[PDB]
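> The lines below spell out each chain.
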Amino acid sequence: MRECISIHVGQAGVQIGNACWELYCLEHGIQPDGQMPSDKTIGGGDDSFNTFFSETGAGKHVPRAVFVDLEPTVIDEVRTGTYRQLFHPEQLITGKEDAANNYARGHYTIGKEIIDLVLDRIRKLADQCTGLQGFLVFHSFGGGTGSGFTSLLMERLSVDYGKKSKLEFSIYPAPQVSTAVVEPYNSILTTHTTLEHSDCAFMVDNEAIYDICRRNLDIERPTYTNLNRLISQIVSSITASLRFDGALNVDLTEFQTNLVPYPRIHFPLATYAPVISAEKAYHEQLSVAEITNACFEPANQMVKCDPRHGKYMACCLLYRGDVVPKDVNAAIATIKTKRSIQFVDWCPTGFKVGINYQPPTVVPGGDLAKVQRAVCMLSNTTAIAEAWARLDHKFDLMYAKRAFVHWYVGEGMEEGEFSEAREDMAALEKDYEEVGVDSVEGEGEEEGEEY
Amino acid sequence: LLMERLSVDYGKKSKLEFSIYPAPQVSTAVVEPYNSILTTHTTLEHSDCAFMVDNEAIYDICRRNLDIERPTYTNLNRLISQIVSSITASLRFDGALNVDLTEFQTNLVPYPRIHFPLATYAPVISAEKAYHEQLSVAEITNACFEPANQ
Amino acid sequence: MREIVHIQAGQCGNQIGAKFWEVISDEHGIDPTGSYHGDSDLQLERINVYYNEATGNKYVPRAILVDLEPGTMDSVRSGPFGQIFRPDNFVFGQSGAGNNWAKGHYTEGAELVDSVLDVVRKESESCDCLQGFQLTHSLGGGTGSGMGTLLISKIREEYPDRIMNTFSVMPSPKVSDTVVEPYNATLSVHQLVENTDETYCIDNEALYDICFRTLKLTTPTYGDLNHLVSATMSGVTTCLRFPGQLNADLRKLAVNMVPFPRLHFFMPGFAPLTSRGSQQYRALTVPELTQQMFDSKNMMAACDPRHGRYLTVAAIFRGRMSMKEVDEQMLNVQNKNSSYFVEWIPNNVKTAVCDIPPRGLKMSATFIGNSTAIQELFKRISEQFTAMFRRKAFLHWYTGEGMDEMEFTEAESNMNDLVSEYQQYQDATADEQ
Amino acid sequence: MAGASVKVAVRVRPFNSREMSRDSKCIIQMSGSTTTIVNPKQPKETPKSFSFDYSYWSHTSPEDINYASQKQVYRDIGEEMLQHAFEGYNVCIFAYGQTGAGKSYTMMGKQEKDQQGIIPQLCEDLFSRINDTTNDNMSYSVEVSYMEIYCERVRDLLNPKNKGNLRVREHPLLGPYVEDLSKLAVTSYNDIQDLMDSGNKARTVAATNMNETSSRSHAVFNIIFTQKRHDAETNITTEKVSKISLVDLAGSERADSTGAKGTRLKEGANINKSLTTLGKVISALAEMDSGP
Ligand SMILES: CC(=O)O[C@H]1C(=O)[C@@]2(C)[C@H]([C@H](OC(=O)c3ccccc3)[C@]3(O)C[C@H](OC(=O)[C@H](O)[C@@H](NC(=O)c4ccccc4)c4ccccc4)C(C)=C1C3(C)C)[C@]1(OC(C)=O)CO[C@@H]1C[C@@H]2O
Ligand SMILES: Nc1nc2c(ncn2[C@@H]2O[C@H](COP(=O)(O)OP(=O)(O)OP(=O)(O)O)[C@@H](O)[C@H]2O)c(=O)[nH]1
Ligand SMILES: Nc1ncnc2c1ncn2[C@@H]1O[C@H](COP(=O)(O)OP(=O)(O)NP(=O)(O)O)[C@@H](O)[C@H]1O
Ligand SMILES: Nc1nc2c(ncn2[C@@H]2O[C@H](COP(=O)(O)OP(=O)(O)O)[C@@H](O)[C@H]2O)c(=O)[nH]1
Ligand SMILES: [Mg+2]
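Protein chains in written order, with full-length UniProt numbering: chain A, 1 to 451; chain B, 152 to 301; chain C, 1 to 433; chain D, 1 to 292.
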């Protein structure tokens with residue numbers, strides 16, 4: 001039994017959860033009301049996969065999900081939407097104000113009195129599992145709730161459960177476009193907790209998705225639904241290894257064993273290669289080599305950073321559909337001989353390969369074409385530091401004058417935390433700088449049997 | 152082990168051997184020489200007269216005389232069986248001059264430690280070549296001394 | 001009565017074992033349900049080597065299946081030969097090792113090893129006269145390498161006079177499906193060098209090369225590679241099951257092939273291979289089998305035998321053939337390629353002949369070579385291992401499960417000694433100094 | 001590094017009570033550095049003969065000419081090897097023989113402490129030399145350990161606990177070693193005698209046709225020896241460290257002699273394997289010494 005618990009905090013978290021659960025209900029043949037007519041027609045099967053859904057005696061299937069947010073509107077929407085009967089009515093929404101883009105409000109002042117309910121419901125969900133795998137936490141940096149409340153949650157889960165893997169999906173402020181003025185402060189603050197308590201945090205930017213949607217899918221006016229659908233597709237690709245049979249299966253422990261060199265380096269980038277509209281789905285082969293090459297291209301990166309400016313430390317490839325190992329073997333051999341892709345000299349192997357037989361599904365009303373083959377790449381590299389370095393500058397420009405600081409201090413924080421935070425982000429970048437350097441000389445190669 | 156125990160128990164009765172010695176070139180084992188050298192002691196002390204044969208020689212005889220280009224162990228075994236039958240024929244059937252098993256030992260071994268004679272059978276010939284030839288007594292006696300027939 | 005107990009751990013070992021049992025069941029004419037529907041009489045003569053007898057003339061194999069995740073057990077049970085195995089031998093846990101050697105050998109495997117050993121003892125005590133064991137596994141993974149080495153250690157401690165074999169899939173030079181492979185391969189070879197009498201080295205790259213070039217397959221899949229390996233496994237132990245003109249048990253191959261105790265890593269091979277649609281052009285005879293068998297491109301070890309010297313070779317033939325042809329061909333192979341055979345062994349080719357060939361092949365042969373070129377594999381692993389150990393690439397995942405750095409070093413030393421020992425009997429003369 | 005100068009010695013003991021009771025005959029005869037031995041059942045062909053670097057005739061106890069006295073053999077071997085030890089290099093003694101031949105004797109000596117074997121002479125010269133040499137500007141440390149090899153498993157003798165197997169390891173700089181191997185310090189040779197007796201009581205022994213008490217396992221008695229200097233400077237350092245390994249080898253075995261089945265044959269087989277490996281390494285070391 002391979003179960004895993006989904007947590008959704010903040011507005012970005014719950015919209016991503018909406019797209020996710022739509023996709024999963026479509027994958028498992030589950031109606032929006034929770035009934036599955038496939039088993040009734042066939043007479044029985046394993047289609048009620050226990051990973052995300054728990055099956056009751058009456059035949060209903062409830063999701064192993066816990067939504068949380070301080071604004072009732074974004075979840076009053078889903079309490080009266082199409083999927084109002086899918087979710088358990090205990091949703092843990094606070095009937096109060098919101099963090100108001102304030103880490104201190106979400107962590108110290110309003111974060112209390114709601115934390116307890118969330119841990120009891122997570123305990124109740126965990127008690128129903130036999131051999132729980134881990135947590136998938138969805139939230140967004142920059143938001144008051146998604147930063148502070150997520151930090152408090154992460155701390156309490158680390159104290160309680162400890163050994164369970166706790167993966168994170170997050171939305172970083174973009175270089176240029178932004179939706180708020182105090183994004184850097186909340187980022188610099190939650191980095192200290194996402195560094196220690198998370199085990200592997202996946203990292204996504206909005207501008208990259210906008211460029212990908214404009215270029216490949218030919219959508220000139222994208223909205224948040226398309227972004228959430230792409231993220232949901234990625235999470236499906238990650239989790240499909242423990243829901244369907246495959247030639248080479250990759251569990252959630254193999255991820256961390258294969259993608260995290262040192263304990264403080266767990267910030268991979270994510271990519272989905274065959275993103276293409278229905279019209280352009282023709283006139284192309286979409287062979288395994290094509291999608292494998294398209295993963296590595298800088299343009300298809302889902303965070304605004306150039307891989308060519310760093311060095312690759314690890315890569316995980318997860319294929320879906322009609323894929324045989326020899327094509328992946330040839331594609332890896334072709335990539336290893338390219339000179340624009342540099343691998344560090346302390347990882348001669350470099351790659352992890354996983355293959356799954358279930359092909360990707362097509363959401364009605366979506367934009368992604370039906371394809372026979374798909375691949376998702378998760379690459380741990382040093383270029384990510386650049387994406388951090390930019391934001392830091394803005395925070396210092398904001399901190400040198402002490403702008404907007406009385407709001408944070410009034411909610412119960414002090415100035416040294418802002419100070420302590422900068423130091424923490426300052427170091428992490430140092431570590432990313434050290435791991436990228438080549439070996440020195442070995443300090444050896446002495447003479448010997450010179451006789 | 153068996154020859155040791157038999158020599159202890161019975162003692163005075165004769166004991167003959169018919170053994171396959173390793174060939175100079177071809178063999179079906181890598182640890183053959185150790186086994187042969189370790190065996191030579193008990194072959195020497197206890198046995199009274201030991202005959203030796205070689206698979207390579209019999210292969211060459213089969214190729215040259217019987218025109219069998221791909222012989223197997225059955226043919227070699229048949230030839231050895233003919234040898235042993237000719238050895239023991241004097242005990243069974245009537246003859247003008249009869250030779251017992253002990254007469255072989257009395258006439259063939261000079262000293263106790265040199266009881267290692269070779270054996271040969273002269274008229275090995277195929278049915279097709281059985282004609283075109285007389286196979287008289289002198290011919291077979293001469294063929295027995297040919298070095299190629301050993 | 002020479003009984004063999006078969007074990008298999010990990011995904012790779014389980015898949016290979018499934019294909020192997022399908023092959024052997026075809027050989028002896030056992031239906032998937034377990035009943036006998038063969039034609040010849042000799043098939044039941046020695047069925048007790050691999051099978052036990054149930055009540056209603058039904059046979060059940062001696063397989064023991066081990067893993068730390070239920071996925072592969074479910075896959076094997078829901079298969080063409082799922083119901084042939086005994087249900088009580090499916091031993092498994094949950095939350096598998098996850099490509100982590102320490103989890104497999106020191107933490108998670110320590111719980112399942114007792115149950116696995118109990119089942120192994122139960123199966124072994126029922127045999128009339130046990131000969132040896134087997135184990136199919138892969139060194140690049142967690143469950144396979146870890147649990148396999150632990151099982152080998154415990155069983156060798158318990159039964160010290162029987163013959164332990166193993167068919168191990170080594171990491172490949174180029175094609176790689178894990179990133180932490182060298183640690184697992186090294187910390188493992190460290191145990192296989194000590195606790196095993198014979199090891200046969202398999203590599204994915206060589207098998208892919210055979211499929212692409214010899215068999216001319218356009219889309220090779222893992223079923224084919226399992227097929228090849230299973231054919232070899234069946235070929236090795238033929239003389240225990242069928243009569244012949246010159247027999248060779250596992251122990252005879254052990255005695256003849258191994259000069260010194262720590263040199264027991266073999267390169268296997270099988271002939272012939274017509275690739276289909278080319279059978280009518282190729283005439284099948286013993287010289288053709290010997291020609292294809294010794295070819296450098298036929299091996300499944302991904303080592304070039306021309307870069308070293310053959311310490312010893314063994315050829316097991318299956319069919320009706322003349323012994324003179326076999327002996328002459330082996331002599332010719334030895335003489336014509338005298339540079340590639342060591343000089344201080346006067347003859348280094350064991351030969352055996354069996355009378356019953358495979359399903360639809362007038363003749364067949366299998367090859368077990370022992371040469372110094374295999375050292376290259378170990379050297380390559382070392383050339384990766386240290387490159388990841390100088391800067392401690394992925395070490396914290398291993399030390400978090402209780403393993404002192406010293407264990408890593410005590411091993412890189414052991415494999416390096418193995419490479420040096422093989423390198424000694426490699427130069428084609430030794431004099432002067 | 002130093003040349004592998006291996007010294008081969010053989011020694012003949014006198015008669016025991018049982019042999020004296022029977023009308024036995026002496027068959028070993030020595031001359032110079034060559035010893036010859038005859039067959040009682042085959043007295044016609046020839047004696048067999050061997051040559052060794054040292055041949056010692058301790059057959060006739062009251063003999064005055066060419067008698068191999070224990071002080072003599074100690075001067076031959078132990079004095080020079082203790083001198084080598086004090087230079088800071090390692091020393092190894094191997095004792096070999098079959099029940100009766102007289103191994104222990106050469107290693108220990110008589111019980112009246114009047115004619116001392118190798119061990120008392122070496123240890124007393126070590127202790128005495130140091131006691132009559134140490135000064136304010138030097139310090140000496142001595143420790144002892146005692147282990148056994150049985151069926152390729154290491155077992156401790158000094159420790160009286162349950163005799164579980166220990167685990168050999170390989171410290172990267174210091175070489176092979178054994179975990180949880182008891183190590184103790186000693187002050188005088190009486191302490192070493194007490195520890196040696198206590199350990200010898202714990203050795204595994206089994207009866208056979210040849211003798212009622214036969215060694216079934218090898219033993220190693222290690223003496224760790226350390227010298228520390230106090231120079232006219234704040235930096236106080238250890239000059240060097242040396243080890244003395246006094247080793248007892250079990251005799252070669254043949255089912256043509258020990259007809260027991262089961263564990264007894266297995267122990268003999270393992271013993272023979274170990275002896276063959278030991279001879280293989282020792283001869284190679286001598287060749288290494290000889291070549292250059
Ligand atoms: C000429 C003919 O009749 O067809 C052959 C054939 O074309 C060849 C190419 C066969 C064929 O093998 C393959 O195509 C193949 C594919 C992937 C991996 C390995 C082999 C054959 O499939 C394989 C099959 O072999 C057997 O049936 C043997 O008994 C073999 N057993 C199995 O293959 C087997 C597999 C699964 C289940 C049960 C049996 C065997 C050999 C030695 C010891 C034990 C078993 C045969 C005769 C052939 C075909 C059908 C084309 C070859 O295989 C064997 C083992 O015989 C490939 O090299 C040989 C040479 C043959 O000429
Ligand atoms: N990709 C994507 N990003 C989103 C989505 N919704 C919100 N965001 C991001 O979220 C950021 C705003 O912070 P939020 O996470 O919404 O903070 P919050 O949930 O409103 O919590 P409070 O600030 O306390 O009200 C914006 O900058 C967006 O980039 C979404 O649906 N998709
Ligand atoms: N060279 C010698 N001179 C005088 N007495 C000796 C001599 N060698 C041995 N002895 C004595 O004669 C007996 C023979 O020694 P013994 O204790 O039987 O050794 P062992 O049984 O041969 N030892 P081992 O080979 O390890 O089994 C003992 O009483 C010795 O003290
Ligand atoms: N020959 C062969 N090798 C395989 C197969 N499946 C996986 N492998 C190899 O096994 C390695 C991974 O080992 P794995 O099975 O995960 O080890 P485990 O997790 O402990 O069972 C990969 O590098 C593959 O090359 C197979 O069907 N055949
Ligand atoms: Mg909000």
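Please note: incorrect hints may appear among the correct ones.
[What the hints assert, rightly or not] Computed cross-link-like contacts, EDC-like style, restricted to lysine to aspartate or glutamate with a CA-CA straight-line distance of at most 16 angstroms:
1. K174/C - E157/C
2. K40/A - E55/A
3. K7/D - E287/D
4. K392/C - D431/A
5. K166/B - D218/B
6. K163/A - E401/C
7. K166/B - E155/B
8. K280/B - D218/B
9. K261/D - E205/C
10. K252/C - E183/B
11. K266/D - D209/C
12. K273/D - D161/C
13. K266/D - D31/C
14. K60/A - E77/A
15. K166/B - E297/B
16. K164/B - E196/B
17. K392/C - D39/A
18. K60/A - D46/A
19. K392/C - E421/C
20. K154/C - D114/C
21. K96/A - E113/A
22. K326/A - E205/C
23. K379/C - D431/C
24. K280/D - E410/C
25. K392/C - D345/A
26. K41/D - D199/B
27. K326/A - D224/C
28. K266/D - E157/C
29. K174/C - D392/A
30. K60/A - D47/A
31. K163/B - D199/B
32. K266/D - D256/D
33. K164/A - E401/C
34. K362/C - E27/C
35. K228/D - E287/D
36. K174/C - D209/C
37. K326/A - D161/C
38. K430/A - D392/A
39. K392/C - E434/A
Calculated directly from the structure, the hints in this document are not laboratory data.
> The structure should be examined with respect to each hint, and the outcome stated for every one.
Each hint tested on the structure:
With a C-alpha separation of about 37 angstroms, the suggested pairing of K174/C with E157/C is violated against the 16 angstroms cut-off. About 14 angstroms separates the Cα atoms of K40/A and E55/A, which keeps this hinted pair within 16 angstroms; it holds. Among the hinted pairs, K7/D with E287/D is consistent with the structure: their alpha-carbon atoms are about 13 angstroms apart, no more than 16 angstroms. Pair hint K392/C plus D431/A holds up; C-alpha atoms about 14 angstroms apart against a cutoff of 16 angstroms.
A C-alpha spacing of about 36 angstroms is found between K166/B and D218/B, which places the hinted pair above 16 angstroms, so the restraint is violated. For the given pair, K163/A sits about 12 angstroms from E401/C by alpha-carbon distance, which is consistent with the 16 angstroms threshold. Restraint check for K166/B and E155/B: the C-alpha separation of about 11 angstroms stays at or below 16 angstroms, so the hint holds. For the hint pairing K280/B with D218/B, the CA-to-CA distance comes to about 10 angstroms; that is within 16 angstroms, so the pair holds.
With a C-alpha separation of about 49 angstroms, the suggested pair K261/D and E205/C falls outside the 16 angstroms cut-off, and the hint is violated. Taking the CA atoms of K252/C and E183/B, the gap is near 12 angstroms; set against the 16 angstroms cutoff, the hint holds. Under the criterion of a C-alpha separation no larger than 16 angstroms, the hint pairing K266/D with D209/C is inconsistent with the structure, at around 46 angstroms. The straight-line distance between the Cα atoms of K273/D and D161/C is roughly 15 angstroms, inside the 16 angstroms bound, and the hint therefore holds.
Only pairs whose Cα atoms come within 16 angstroms are accepted, and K266/D paired with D31/C is rejected, the gap being roughly 44 angstroms. Straight-line distance between C-alpha atoms of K60/A and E77/A comes to about 22 angstroms, which puts the hinted pair past the 16 angstroms bound. A C-alpha spacing of about 29 angstroms is found between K166/B and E297/B, which places the hinted pair above 16 angstroms, so the restraint is violated. Straight-line distance between C-alpha atoms of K164/B and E196/B comes to about 14 angstroms, which keeps the hinted pair within the 16 angstroms bound.
Note on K392/C and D39/A: the hinted pairing is violated, with a Cα-Cα distance of about 51 angstroms set against a maximum of 16 angstroms. For a cut-off of 16 angstroms, the pair hint linking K60/A to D46/A stands: about 14 angstroms separates their Cα positions. Taken as a hint, the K392/C and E421/C pair is broken in the structure, with Cα atoms around 28 angstroms apart against an allowance of 16 angstroms. A threshold of 16 angstroms between alpha carbons decides the hint, and for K154/C with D114/C the separation of about 10 angstroms falls inside it, so the pair holds.
Our distance criterion of 16 angstroms between C-alpha atoms is met by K96/A and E113/A, whose separation comes to about 11 angstroms. Using a Cα cut-off of 16 angstroms, the hinted pair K326/A and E205/C holds, with the two alpha carbons roughly 10 angstroms apart. Taken as a hint, the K379/C and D431/C pair is broken in the structure, with Cα atoms around 26 angstroms apart against an allowance of 16 angstroms. Between the alpha carbons of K280/D and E410/C the distance comes to roughly 24 angstroms, so the proposed pair goes past 16 angstroms and is violated.
This hinted pair checks out: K392/C and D345/A have alpha carbons roughly 13 angstroms apart, not beyond 16 angstroms. With a CA separation close to 21 angstroms, the supplied pair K41/D and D199/B exceeds the 16 angstroms bound. Distance check on the hinted pair: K326/A and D224/C sit about 12 angstroms apart at the alpha-carbon level, within 16 angstroms; holds. Straight-line distance between C-alpha atoms of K266/D and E157/C comes to about 14 angstroms, which keeps the hinted pair within the 16 angstroms bound.
Annotation: proposed proximity of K174/C to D392/A is violated, straight-line Cα distance about 41 angstroms (limit 16 angstroms). With a C-alpha separation of about 13 angstroms, the suggested pairing of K60/A with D47/A holds against the 16 angstroms cut-off. For a cut-off of 16 angstroms, the pair hint linking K163/B to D199/B stands: about 10 angstroms separates their Cα positions. Simply put, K266/D and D256/D have alpha-carbon atoms about 14 angstroms apart, close enough for the 16 angstroms limit, and the pair holds.
Using a Cα cut-off of 16 angstroms, the hinted pair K164/A and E401/C holds, with the two alpha carbons roughly 15 angstroms apart. Our distance criterion of 16 angstroms between C-alpha atoms is met by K362/C and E27/C, whose separation comes to about 15 angstroms. For the hint pairing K228/D with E287/D, the CA-to-CA distance comes to about 36 angstroms; that exceeds 16 angstroms, so the pair is violated. For the hint linking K174/C to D209/C, the alpha-carbon distance of about 13 angstroms falls within 16 angstroms, and the restraint holds.
The straight-line distance between the Cα atoms of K326/A and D161/C is roughly 42 angstroms, outside the 16 angstroms bound, and the hint therefore fails. With a C-alpha separation of about 13 angstroms, the suggested pairing of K430/A with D392/A holds against the 16 angstroms cut-off. Only pairs whose Cα atoms come within 16 angstroms are accepted, and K392/C paired with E434/A is accepted, the gap being roughly 13 angstroms.
Hints 1, 5, 9, 11, 13, 14, 15, 17, 19, 23, 24, 26, 29, 35 and 37 from the list above are not met by this structure, while the remaining hints are.
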